[PDB]
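Encoded as structure tokens, the following chain is the form solved without this ligand, with no partner shown.
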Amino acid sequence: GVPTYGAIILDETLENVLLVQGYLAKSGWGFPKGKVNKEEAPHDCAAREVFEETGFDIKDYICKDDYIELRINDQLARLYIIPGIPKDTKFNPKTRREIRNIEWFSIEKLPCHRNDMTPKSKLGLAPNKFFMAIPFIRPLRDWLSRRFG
């Protein structure tokens, strides 16, 4: 699988994260990210994808060692952590054929797992519009505890 790179952008209070909503197979909410080009460095892919999806340039704010990385079904996703970005920042995608909306969400209200269907004696998980964000939520809360407390 081709690796993906992007960012977890937080506000000045560290309460809120910025999520993007795509279309079709990406119809729900997730962190801004995308696939690396041949010979493109990880930091440069993360800035490129975030700027295309939000209109905000992270290049001068990336810290090389501050990121969460997860391997999901063979494919690696790395999100650089970017705190302190003001909540009144104007965000606008470049690609509106790809991005429906951009919003701030409270970290403590986001799910860190989907709900089962054990009230119905049925297997699997119920739909959740935060599907793409969910795998990063617990590791994020643990990272913010260690770094800031």
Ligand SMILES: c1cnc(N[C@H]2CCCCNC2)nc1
Second form
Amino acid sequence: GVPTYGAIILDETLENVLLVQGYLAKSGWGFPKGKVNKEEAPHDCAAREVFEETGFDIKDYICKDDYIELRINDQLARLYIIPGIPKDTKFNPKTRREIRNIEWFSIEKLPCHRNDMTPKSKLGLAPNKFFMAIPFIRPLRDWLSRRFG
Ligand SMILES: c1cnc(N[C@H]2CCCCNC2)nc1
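Having seen the form solved without this ligand, can you show the form solved in complex with this ligand?
Now the full complex is given, and it begins with the chain already shown.
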């Protein structure tokens, strides 16, 4: 799969993360990210996509060693960790045809898994509007614990 790059932007308290809401197949909340172009460096793709989806330019803040990367059905998603972005930053998605909304979410309030349907004797997972973000939540929490204590 074509790899994707983007960012986990946190505020000054490290409590909150910036999520974006897409449309249609991507109707729920996820991290800002997108597909690398031919001959584009990972960090450049992350800045370009995040600027398209948030209106915020991370280029000067990216630490090239600080990221969470997951393989999800043989597509790599790498999200560069960007702490310390003020909560009052004015975000303005560029791609309004793809981005419904942009908001800060409390890390401790986000799910790190979806719930089963064992109460209904039914297989599978209940819908959750954070499904795109969820796989990154436990890895983020662990990464923060280590880097900040
Ligand atoms: C898996 C799939 N997509 C995502 N994030 C997308 C969030 C919604 C806006 C469109 N582009 C980024 N995260 C994990």
